[PDB]
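Showing just some of the chains, left in place.
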Amino acid sequence: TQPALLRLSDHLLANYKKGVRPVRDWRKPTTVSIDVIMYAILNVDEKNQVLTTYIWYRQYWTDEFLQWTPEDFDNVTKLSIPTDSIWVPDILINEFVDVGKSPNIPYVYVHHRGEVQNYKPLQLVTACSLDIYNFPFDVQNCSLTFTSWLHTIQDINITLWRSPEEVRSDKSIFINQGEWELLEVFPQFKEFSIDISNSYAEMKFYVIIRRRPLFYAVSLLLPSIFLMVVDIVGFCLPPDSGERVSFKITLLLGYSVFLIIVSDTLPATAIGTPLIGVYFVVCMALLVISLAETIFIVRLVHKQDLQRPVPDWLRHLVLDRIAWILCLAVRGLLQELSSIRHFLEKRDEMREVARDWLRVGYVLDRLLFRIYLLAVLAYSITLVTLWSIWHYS
Amino acid sequence: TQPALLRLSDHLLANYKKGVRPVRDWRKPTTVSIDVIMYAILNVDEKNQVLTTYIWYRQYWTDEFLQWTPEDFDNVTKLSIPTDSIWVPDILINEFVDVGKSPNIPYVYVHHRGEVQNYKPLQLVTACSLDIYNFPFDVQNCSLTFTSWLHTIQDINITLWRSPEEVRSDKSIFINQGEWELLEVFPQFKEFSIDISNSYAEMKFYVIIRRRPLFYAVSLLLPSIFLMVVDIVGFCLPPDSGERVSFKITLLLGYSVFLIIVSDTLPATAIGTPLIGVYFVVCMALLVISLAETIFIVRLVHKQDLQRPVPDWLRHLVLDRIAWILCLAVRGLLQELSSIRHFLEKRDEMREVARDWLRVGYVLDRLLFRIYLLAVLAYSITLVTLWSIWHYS
């Protein structure tokens, strides 16, 4: 009879047992040939050391029992069979820490020599070690290891579909504009063993990704450069005005409020902070020097029952530092008038010695303003020198 | 016998095999005709580049084996059959990154020529690229690509149910008032291929949505306009009062606290900030100019052992800038009295030279108050000019 070509499928699955590993001779292994394309990097968790990706996967193997001649079946050379009717190998990942939700694919291809092809997408929640020592300019190297979980090397061996050079140079479908950049995917065959007499075939894929360091660079420099500019403008306040101290402590208050927002959005691993955490406490201690310079000079020019300064410490300040660096009734009358002259004289002499301290506090202020402005320019061009040698190639 | 019309269903499913693709001739493909109505936009994730929608889906195909004449079955022309008793094609989406939870529909229709109709709702968690360069006034363009995952173009081809003009103009059931606005849904047929000799039918639906920019506009201008008004009122403080500097640094402190709440609720992609991030740092640097204008003028009118100002720099300030822009016992007595006259004279001459600097600091203050008020009005009407040319049509 010739009803249709559903007479192939019941010829092929009349007495078929889906629990038996499909070989005629039990001494020969089943060889599974796999292949991978990366599709998206969904999440990189630096705190929990967990990577979440999404790949497209395919594999084939040889089934000794699903064979037919294409004649006597109207030249059919392949057909589709449900997945839960045949033997399927158990290929897992060593680095699993969870189970991702993936769509179910209910069909496979079967060619007329026994080659069974399986296509399925996979969401992977794996665990890889993440070092963040140079935090925005970092390249990560995480691994995917496909292996058979039960069967040993004498039952299931794993090979590649195609050559490892075609797998390495494949970035055709990768979803970009998403904060991570795929560089390469490199395969490598190894053989796993913990104890003796049990070896397991495995196939490591190394996934190398790189962070796009643009929006971390503007969301961490644009407040850092800004609060340095406001500190430079605050030196132009005169120190005997009672406002420079209140300026510097408010701005130092507003800067410490900023760092606790930075640590809220930027994590750190068990080795500690990255290298840019050093460059924040250098800009922190550079404001405490400007605070200690203000408190040192407000103590200087202030009116406390003063004496005339040291003639040694006036001579090499006023003269040298501006040249090397900068540019019965009758006689009862005048006895009372001499007393009135005396109270005005002590008022004037305490006033002119307050001027001599005030002249010292202004030559020494423009001296320390130019030393501070020299240090914040030498450190600023150092920070852009190290960046510009990175950016080339 | 005539028991009921359950004698149709066992005639139709006596020897039926749900794993075989239902054709008499294996050389002809099965053609699936699909159709879509968008129901809700559930979530748009700008950070992770993930779109979450909810659609209503339907499809039909032709089954060669489910055919009957309507006579000898009491004129039955269609009936309902459980879904897990027949062959169902595997239509997926390329852009899946997750599996949404959808209700199960356990029945299908079957007409008497073999047409099998399937209705089901779907929740879709897809991945599309989102550019936010003009952040509240942005139109997104994300894609849905329906394809068969295993079968090639020689087995399953995908067509539309109805015309592509009826699909494009369908906004009948879309749930509004929910922060996104559906513009159109446009279908397009393509043919997918990565390697040679394997082509897959696909059907792209382009979903174009647009953000409603109302409550982002009031939750970002109403604090931005407000802290500009408070800065204008603070110029009316007199500069030799010791409070204008403390006014400006508190208000600049409270403005920098505001931006870190803005970045907490407004994300940015890998290309960086949107265009309105430029318009925040222009309003930022416009407050530092008002801070540097205060510190420049407090340094001017302040009492430090002063000299009389330059007659050149007084003449074109006091005169020109207000006209072009603005509107033995006896002889021992008087020798002591001349000394008492001398201490009061140095007290008065240091007082009148502090007035001459104070007159300079007030002509120059109302000059810089009108230049600053001219710039904050020219920039404010520029910002509403660019908005009003957008709003028309």
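Each chain gets a letter, A and B, in the order it is written, and its residues are counted from 1.
In this text, a residue touches a chain if its C-beta (ideal position, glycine included) is under 8 Å from a C-beta of that chain, and two chains touch if they have at least 3 such contacts.
Counting all copies of the one sequence in the full complex of this file gives 5, of which 2 are shown in place.
Going forward, only the chains that are shown with their structure count from here on.
These two copies of the sequence, chain A and chain B, are related by a rotation of 70 degrees on CA atoms, to the nearest 5. Separating the CA-averaged centres of chain A and chain B is a span of 25 Å.
Considering their complex, residues 17, 19-21, 23-24, 26, 48-49, 90, 92, 96-99, 127, 129-131, 149-151, 155, 194, 242, 245-246, 249-250, 252-253, 256-257, 260, 263, 268-273, 281, 284, 288, 291-292, 295-296, 298-299, 302, 304-305, 329-330, 332-333, 336-337, 339-340, 343, 346 of chain B touch chain A. Within the complex formed with chain B, the residues of chain A that make contact are 4-6, 9-10, 40, 42-43, 54, 74, 76, 79-82, 85, 101-103, 105-109, 119, 121, 123, 172, 175-179, 212, 214-215, 218-219, 222-223, 226, 229-230, 233-234, 236-238, 240-243, 246-247, 250-251, 253-254, 257-258, 261, 330-331, 333-334, 337-338, 340-341, 344-345, 347-348, 355, 358-359, 362.
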